[PDB]
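There are 4 protein chains.
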Amino acid sequence: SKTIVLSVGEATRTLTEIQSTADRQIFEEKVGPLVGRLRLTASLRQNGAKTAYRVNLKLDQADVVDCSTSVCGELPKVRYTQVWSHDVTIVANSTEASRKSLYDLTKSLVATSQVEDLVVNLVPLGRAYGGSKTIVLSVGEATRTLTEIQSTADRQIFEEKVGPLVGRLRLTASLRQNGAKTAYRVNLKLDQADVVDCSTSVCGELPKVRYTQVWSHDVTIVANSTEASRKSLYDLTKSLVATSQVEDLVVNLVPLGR
Amino acid sequence: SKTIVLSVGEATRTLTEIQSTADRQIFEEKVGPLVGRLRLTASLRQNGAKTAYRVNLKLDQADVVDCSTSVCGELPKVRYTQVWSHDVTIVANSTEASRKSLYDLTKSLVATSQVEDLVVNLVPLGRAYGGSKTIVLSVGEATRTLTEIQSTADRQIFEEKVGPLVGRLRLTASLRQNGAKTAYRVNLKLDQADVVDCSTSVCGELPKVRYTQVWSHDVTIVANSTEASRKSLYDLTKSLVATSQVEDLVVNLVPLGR
Amino acid sequence: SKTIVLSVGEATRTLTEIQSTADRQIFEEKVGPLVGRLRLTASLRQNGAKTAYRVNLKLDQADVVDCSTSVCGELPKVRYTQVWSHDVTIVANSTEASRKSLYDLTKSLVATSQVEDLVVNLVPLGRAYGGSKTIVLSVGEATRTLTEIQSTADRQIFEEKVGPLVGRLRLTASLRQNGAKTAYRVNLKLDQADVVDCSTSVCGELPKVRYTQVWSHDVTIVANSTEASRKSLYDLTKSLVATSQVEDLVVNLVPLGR
Amino acid sequence: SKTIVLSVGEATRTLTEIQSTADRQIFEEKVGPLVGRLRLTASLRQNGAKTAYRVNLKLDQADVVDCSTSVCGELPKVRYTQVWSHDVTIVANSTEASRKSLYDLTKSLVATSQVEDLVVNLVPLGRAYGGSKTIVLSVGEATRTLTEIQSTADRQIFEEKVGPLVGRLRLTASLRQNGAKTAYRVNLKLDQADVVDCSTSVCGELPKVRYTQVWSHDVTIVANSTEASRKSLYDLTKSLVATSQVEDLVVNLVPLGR
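Chains as they are written, first to last, in our numbering: chain H, 7 to 264; chain V, 7 to 264; chain U, 7 to 264; chain X, 7 to 264.
With the rest of the complex left out, here is chain H:
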């Protein structure tokens, strides 16, 4: 019926819709046993006085092993789950090119090879070639190069240096491990403030920000994983953001599934 396909190269893993509430919308892959499958929980709200929407994707991935042939008399069983949530904040009175460019940066943020090593191999962001540690975010041919301005114990704040100080691109990456060293937690956050200048119309007007639009990430990685399991979780989220269904979910708020 209603499907999203996720190409991981030449192999496509098509999800099917299994549940549809007013806002929540649960997808699932219908191949294999019933105990652990791919999951995709989209949502869409508007918080407060109808002024800001809130998209919330969440891609689960359970590692199912079936040891019925080796060990006699047991069933398939979920080892662990690794999620990759999203949290997009879109303001209602925005222009289209602000939230299109927010999608274009996050599509190119996931697709780079530095966030690949952050999820798969847990290496922090930023690589220094000729100066400080930078991430390049090509949105086509234009490359918006962020530079690292801070390195805390876990936090790592990036920023673009072109333009005024009031509104700039941001990246507050993080990396933790909760409890008894059993699961990591990566947390990216890309802020995009829309600054405007009225100098050609009004005398002496310094630039100011109108609104702000974020795209948070929340990756959960368990410690005893397989490296091929962290690679497939990154490859599905890289393929999920690159689809045209999530493009219309952020730019035009069209729900998923066709």
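Simulated from the structure, these hints should not be mistaken for lab results. Any given hint could turn out to be false.
It does not matter which identical chain is used: a pair holds within one copy or between any two.
Below, computed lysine-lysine pairings styled on BS3-like, alpha-carbon distance capped at 25 Å [to be verified]:
no., residue 1, residue 2
1, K83, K56
2, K56, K187
3, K214, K237
4, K139, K56
5, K8, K56
6, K8, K36
7, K36, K187
8, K106, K83
9, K8, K244
10, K237, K195
11, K195, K106
Using the hints, position chains V, U and X against chain H.
Quick look at chains V, U and X alone, frame taken from chain H:
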């Protein structure tokens, strides 16, 4: 998701569903800016001793304007909203030809040239073509001509004249303006009573009414509107009633959206 | 002694009665070890002021495995348990054709290929071929086609469109998973209200319902099942309803076992 | 389940068991409509200091009528009920030949033509064939003739005349109508006292009674009955006492149901 299509000629405007409660069911169009869009708040109830249903549609339409080209640094914003509500009352023990004729008369009530001029150009109802002030509601080749019986300063009651005197068609139009003369209020209402007689079965039995079924309207038009703002509100509601889903919502009580 | 024979094709699984209370009546299959066997708990009550009976079947199925040959020194054990309950409501002053038609629909509801895929492959009911999603319940050559009128988050309400609005066939399917995603719960419910018309005797008489009779289902499916274990649970319940002992239990209130 | 077979000639009416408490034991026929059926509320007790049992049967019979053919829109309904209770008292230290004789006299009491006309045509007991008003109770070839000793307005006492004066057979019939002359009440009761004489062992010992055993009856007949309604109630109770299960319920205290 679940869509309704409203053909306004060759241009089709598809409204997708954004909410599904137990009774309320909200649709929106997804093309355009995020602040002013079409709206269709469908509903269904059964109040009292489970004997009468209540369909309740509401087609909002906001007129959004964006002149960031003119004024440097402004965002899109709606000026006014113009609605067209419906309130259908269906009794549960009806016959199917009662619920079908009530839909077929209101489908032809909206599609006439006298209700079009009533909401676009504010012209009152009734056009005297050789006789009394009459409205013709064609149901195909059967034409049902309602003649005006009373024109008060507020109300304007029409009524059919064939058949018995106890149960006949009604059309109670009205027109107000509340507040500081900023918005009008058109109010149509079509009463249909089911009359039956068995003088061939039971002697001395005169005709009497079993039940009645209404289809009232409540249009809100602001006084400083555009002409194509009022023309498009009529053209959408005329195309909403003519769909195959609002037919089955009245005849068979199945909710909207396929 | 007292037996029910469930044919699953050419193989017959003969249950024998092991316990008989006043109303409760427990059958069991006497083949194999003592730890997990087929179970069938019939019941029959009359709740309230002796006006309505309540038949309650429940077919258990435990999946045992004897791992003594591979693993040295261990016994057979029950991995999981999948049930299929029934809960029939029969009013005392019914017509025999009202009880026979309710059984004839439920015998044909279970025997269709859409309820087969609902408990085996967990896909919901209704298939759209030329219009909306329908289920065809043939009772011989007469096919009573239910059409889907609602699709909630889990609920799914079907209804037959022929006849009056007051009493129609209903079918409220459901699908859940309780707790930590470990067990599903399918829940069908077929309502059949008896409508009568007094128009040939009393004029002006609209049809009304005298009673209603339901046949609920309550399937429990655990998530780490074998597909051959869900197929075997459906195939026994498909053949249990098709027996002439459950026909006389609903139509004539004769207890099970001969 | 457990059945009693009441042969009424060539027609056999099989009651099946619907309840099994510690003492109460309800049977019911399963052929026909669900609202009016046969009923047999058997019981057994031992009241006091464990010295006397109490068998208690109750054969209800409801006259159900269904005329949905004549008047459109009604269901089957019970007009009246006619019962035939029994109240047997058995002392625990009895002789088996005394318990068998009490059964053989009551089996021959019900099977005579004077008790048949008492419940069908309300004719009182006793027919004078050359002498007093006598009842003949054939126990095969032995005939025990009871002559009438007292007939007041209510009671009608019969008594055997052979043997000693201290212990003799009894038959205390009566007939009432309680309420607004709508229902009768036939009440039979057969006393059997066991007398013994020890004059061959102990000198100066006159005969005396050691225990008594009763078998009461309590028939309820409504006044506006059908003749075949009272004739079928008599023919079922005549066939109930003649069974091999009510013989063992009195002689060997085995509960009903095989």
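Against the structure, the hints:
no.	hint	verdict
1	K83 <-> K56	between (43 Å within a copy, 13 Å between copies)
2	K56 <-> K187	neither (41 Å within a copy, 28 Å between copies)
3	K214 <-> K237	neither (41 Å within a copy, 41 Å between copies)
4	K139 <-> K56	neither (40 Å within a copy, 28 Å between copies)
5	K8 <-> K56	between (28 Å within a copy, 23 Å between copies)
6	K8 <-> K36	both (12 Å within a copy, 18 Å between copies)
7	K36 <-> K187	between (33 Å within a copy, 16 Å between copies)
8	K106 <-> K83	between (41 Å within a copy, 20 Å between copies)
9	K8 <-> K244	within (21 Å within a copy, 28 Å between copies)
10	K237 <-> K195	within (21 Å within a copy, 45 Å between copies)
11	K195 <-> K106	within (17 Å within a copy, 30 Å between copies)
Going through the hint list in order, the structure does not satisfy hints 2, 3, 4.
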